[PDB]
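Here the complex is missing a single protein chain, while all its other protein chains stay put.
Labels A and B are assigned to the chains in the order they are written; within every chain, residues are numbered from 1.
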Amino acid sequence: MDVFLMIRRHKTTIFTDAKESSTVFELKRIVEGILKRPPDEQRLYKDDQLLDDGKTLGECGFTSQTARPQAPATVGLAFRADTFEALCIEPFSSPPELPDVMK
Amino acid sequence: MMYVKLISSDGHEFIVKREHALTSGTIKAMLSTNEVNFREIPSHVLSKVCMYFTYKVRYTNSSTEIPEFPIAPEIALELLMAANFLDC
Partner (left out) sequence: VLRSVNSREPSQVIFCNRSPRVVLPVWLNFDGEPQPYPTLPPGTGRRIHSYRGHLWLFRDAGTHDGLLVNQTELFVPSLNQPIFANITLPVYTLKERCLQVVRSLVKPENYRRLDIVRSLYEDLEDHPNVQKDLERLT
């Protein structure tokens, strides 16, 4: 079962998919191939919860029916500087006010 | 390589599969160092464009029962402007 995600850190957003049966560590290996930082220098989060390496994405609550192509689930990411930085995700820009003609 | 970077007007960096980004003729032309800057497309719009790529690849021919692609009213005009520029 495929799950569709947004792996987010600061102003970086990775759009990727993974199997529900795949692990948190295997997702760090995906991040490594893109951002060139090893899994030991990474922390993955579901909201404020730190995810354990050996757990499947499905056990972590990333399911095919919630982590959808058109509405992907967010995975937080923090790197180790050696100490890990606090989890920080920059919000996307705010949409302008609806035009009078649209309200 | 396998991924490309799409940067919004407000500096958000969106990393997507090259094959997903190449679905847009505009992006394909802009790529040909695996990075494209969109000076007029803000993050609340570009994030939706990336979600569309995933949706299109997943649901094109087919597996049956396609869900609606959602667009909040507040983003609709700017997303229309971007879809028109990107030929999406």
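What we mean here is this: a residue touches a chain if its C-beta (ideal position, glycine included) is under 8 Å from a C-beta of that chain, and two chains touch if they have at least 3 such contacts.
Chemist: If the hidden chain were put back, which of A:81, A:86 or A:101 would touch it?
Modeler: The single option touching the absent chain is A:101.
Chemist: Even though one chain is hidden, which residues of subunit B still touch it in the full complex?
Modeler: Touching the missing chain: residues 49, 52, 55-56, 59-62, 64-69, 71, 73, 76-77, 79-81, 83-84, 86-88.
Chemist: What does the interface between subunit A and the hidden chain look like in terms of residue numbers?
Modeler: Interface residues of subunit A facing the absent chain: 99, 101-102.
The criterion applied here is as follows: only the chains that are shown with their structure count from here on.
Chemist: Subunit A to subunit B: how many Å between their CA centres?
Modeler: Computed from C-alpha means, the inter-chain centre distance equals 18 Å.
Chemist: Taking the touch rule as given, give the residues of subunit B at its contact with subunit A in the complex, in rising order.
Modeler: Within the complex, subunit B touches subunit A at residues 2-3, 8, 10-17, 20, 42-44, 47, 50-55, 57-59, 67, 69-70, 72-78.
Chemist: Which of the residues in subunit A come into contact with subunit B in the complex?
Modeler: 2, 4, 6, 11-17, 33-34, 68-72, 90, 92-96, 98-99, 102
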